[PDB]
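Below you will find one chain, with nothing else, as structure tokens; this is the form deposited in one PDB entry, and questions on how it binds or moves follow later.
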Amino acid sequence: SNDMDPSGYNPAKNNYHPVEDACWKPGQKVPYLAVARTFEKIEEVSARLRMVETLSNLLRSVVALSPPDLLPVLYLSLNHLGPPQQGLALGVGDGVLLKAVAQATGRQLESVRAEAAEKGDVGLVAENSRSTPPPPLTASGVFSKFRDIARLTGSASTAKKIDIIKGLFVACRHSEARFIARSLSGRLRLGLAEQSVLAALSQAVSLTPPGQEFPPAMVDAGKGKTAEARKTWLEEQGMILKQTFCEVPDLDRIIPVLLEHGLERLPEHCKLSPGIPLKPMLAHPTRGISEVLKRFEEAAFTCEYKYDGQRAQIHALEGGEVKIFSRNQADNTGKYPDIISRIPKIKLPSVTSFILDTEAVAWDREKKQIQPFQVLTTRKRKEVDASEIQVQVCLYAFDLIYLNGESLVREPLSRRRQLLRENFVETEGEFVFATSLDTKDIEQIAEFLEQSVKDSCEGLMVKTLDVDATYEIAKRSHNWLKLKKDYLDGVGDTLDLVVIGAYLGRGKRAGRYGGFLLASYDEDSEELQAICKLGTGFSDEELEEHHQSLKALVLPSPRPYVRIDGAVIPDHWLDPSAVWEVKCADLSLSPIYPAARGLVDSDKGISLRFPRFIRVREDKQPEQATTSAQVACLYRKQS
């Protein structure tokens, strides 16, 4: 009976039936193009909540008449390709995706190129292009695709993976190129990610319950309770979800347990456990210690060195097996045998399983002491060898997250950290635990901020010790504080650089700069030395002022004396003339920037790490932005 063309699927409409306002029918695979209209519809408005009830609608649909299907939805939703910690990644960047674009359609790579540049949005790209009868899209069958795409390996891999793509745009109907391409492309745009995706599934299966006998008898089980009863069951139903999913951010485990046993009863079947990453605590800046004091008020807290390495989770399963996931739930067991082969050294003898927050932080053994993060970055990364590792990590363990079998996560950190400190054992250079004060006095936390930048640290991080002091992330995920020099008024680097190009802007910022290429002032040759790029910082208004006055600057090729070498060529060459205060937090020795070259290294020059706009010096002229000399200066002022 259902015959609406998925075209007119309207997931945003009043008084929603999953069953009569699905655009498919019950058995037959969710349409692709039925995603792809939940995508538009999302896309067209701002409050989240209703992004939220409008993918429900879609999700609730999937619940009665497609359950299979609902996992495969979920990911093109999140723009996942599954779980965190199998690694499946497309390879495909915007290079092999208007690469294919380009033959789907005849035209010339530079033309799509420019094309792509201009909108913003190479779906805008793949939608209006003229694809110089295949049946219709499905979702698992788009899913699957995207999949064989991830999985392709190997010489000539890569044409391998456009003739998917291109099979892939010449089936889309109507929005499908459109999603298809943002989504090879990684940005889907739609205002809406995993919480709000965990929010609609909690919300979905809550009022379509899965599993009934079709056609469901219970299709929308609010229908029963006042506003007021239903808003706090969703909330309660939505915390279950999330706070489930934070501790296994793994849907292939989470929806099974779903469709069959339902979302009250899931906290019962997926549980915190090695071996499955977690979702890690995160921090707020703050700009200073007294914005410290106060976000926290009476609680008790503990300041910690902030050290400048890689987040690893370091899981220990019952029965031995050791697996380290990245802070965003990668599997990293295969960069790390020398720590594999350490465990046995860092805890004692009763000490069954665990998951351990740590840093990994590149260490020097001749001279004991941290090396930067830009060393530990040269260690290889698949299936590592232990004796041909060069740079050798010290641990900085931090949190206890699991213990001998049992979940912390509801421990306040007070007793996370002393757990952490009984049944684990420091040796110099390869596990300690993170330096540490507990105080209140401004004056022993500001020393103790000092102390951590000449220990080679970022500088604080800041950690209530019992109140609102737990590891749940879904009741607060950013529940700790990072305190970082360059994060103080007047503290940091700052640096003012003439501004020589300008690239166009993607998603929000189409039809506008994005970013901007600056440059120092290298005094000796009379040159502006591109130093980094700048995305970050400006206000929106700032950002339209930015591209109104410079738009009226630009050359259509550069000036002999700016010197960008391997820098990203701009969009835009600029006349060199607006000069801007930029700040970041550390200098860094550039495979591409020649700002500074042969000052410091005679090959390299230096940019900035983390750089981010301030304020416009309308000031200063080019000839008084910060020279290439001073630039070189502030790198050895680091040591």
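Just so we're on the same page, rigid core means the largest C-alpha set that superposes within 1.5 Å between forms. Numbering follows the first chain given and starts at 1. First, how it differs from the form deposited in another entry.
- Just one of 106, 405, 285, 511 moves its Cα by 2 Å or more between these two forms on a rigid core overlay, and this residue is 106.
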Given for the second form:
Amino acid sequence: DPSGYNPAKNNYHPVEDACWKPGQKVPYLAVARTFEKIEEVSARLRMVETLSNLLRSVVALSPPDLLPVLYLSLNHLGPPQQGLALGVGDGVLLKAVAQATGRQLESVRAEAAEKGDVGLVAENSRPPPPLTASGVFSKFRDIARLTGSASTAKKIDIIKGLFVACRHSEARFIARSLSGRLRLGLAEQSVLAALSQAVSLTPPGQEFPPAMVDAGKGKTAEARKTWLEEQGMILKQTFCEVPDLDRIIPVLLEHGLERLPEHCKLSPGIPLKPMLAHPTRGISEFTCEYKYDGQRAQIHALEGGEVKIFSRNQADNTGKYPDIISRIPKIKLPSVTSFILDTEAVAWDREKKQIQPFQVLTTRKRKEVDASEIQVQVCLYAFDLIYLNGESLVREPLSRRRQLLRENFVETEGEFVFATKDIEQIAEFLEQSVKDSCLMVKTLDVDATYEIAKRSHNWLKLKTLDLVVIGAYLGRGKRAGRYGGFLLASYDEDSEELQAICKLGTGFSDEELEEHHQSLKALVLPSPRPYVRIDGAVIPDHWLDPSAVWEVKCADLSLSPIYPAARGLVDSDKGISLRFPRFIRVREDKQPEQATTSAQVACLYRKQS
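Condition change, the form deposited in one PDB entry to the form deposited in another entry:
Next comes a single chain, given without company.
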């Protein structure tokens, strides 16, 4: 009976300890029961095993259901290049739960807001055939394909049909999946670890009578551990080169995991997971390049001239840059017939020959008609090469890939322009980075391969205000019960009014948050003060008496179309907000009068470009 399925049992038998007959479809409660045990523990090694147990039974009883439960565990709808967006938010979900039972949208809303989880409302609310993992996944994609008018009403009917067919704790995880907050403590890295362990303990491609169930029986603890970790590296590396489960799982079920690297290989047109960077504390904590504050572009080109542009998250951005598809042969030499460059596109004013900030680049359309309607032109600063003429260059060192790019890449004016241990020299380039409106520290030969599975962020990144609190927001998930965010403001000396500037939801410890919770508890106001102005920011759940001064760090100052801070001092209709805000400390010495004035905020914004 799936009502008592336990994938966290000692000596889990993939065939006996299951809850569905072989050949039959996997019930969603088996998935819901597995999620309930994953969220019940905290150690990832226990989460990976519990999830792996279900994957064993799936890989032995219902093989074709493996891709759905994997995508259902990832809370994804398919490959990232497909772009299947669910298009369901809080309002659609709560309205679907209201029509599912009880009605009273306000009661459904206010309960979930304090709980921080809509799954508890849909579950605790007081005939249909049982739910299937494939069927639930098929309806998730059916919801994502619904577009046009009356699409929301069509989505609600599917969600209503799912909730009425839910049993036990199925309404919890369907509501969390549709809300995009599965909150399971398990994600992409651990899913792969559970998949690699499952196909190794219970190998795929066996007869109806399961021949092998626990292939680690004839090994010792050090052997099984080493054997499982070596096999996980084969899967994780291949996924870093082909992050597409619709392509790995079919191969993984026929050729096995040991032969997976031979079939699923790096190929143009298939986006790969890119190289990330870690935060370097400074020169105290090797090539150095500019960190162009723009958007990453993975330019692919297959055999035949077909060009495809992908983002950092393997999203298809080919249609967003028609100006690049019609300008690729201007940089590749005659020997180039297949290549994958790693470049960071940045907005460029061809007239003034200057780089434009990140805000100007975000004003481009996602589906551009042609270059005749494109106003914001982009410039490409290439920095790495992964593919070249049918040859994968992942295992090659960084110094070798830079030579091939600097040879075959032909720099063109305005578009294609490819981007020592002397401390004073490095400080000049770091200071000239801000000067040229941009540092990146990367290795050359030692540990300088494009292998994301060895280290996800093997690169290094070379890169204050005092505001008052005026409001607070109720937290969600791990912040339920306490305060999740805070509304901050500056003081306008000319008009004597607090002007909201940004929200604050990071930088404080759990102990520091409870200190903020207790210190600002008695300052709860029923109505906002008359000398407080927020413009169009989110109305705080608890209006607080202006008395607490916090020091906040941020990356940049940006013209805010919603915050009233310093409106009229830099733009006639836009205020100023903080980019990447974060709590630093509490200024118990200061009062709201000794705070960063809006006149000072405008001076900070003029200092930066």
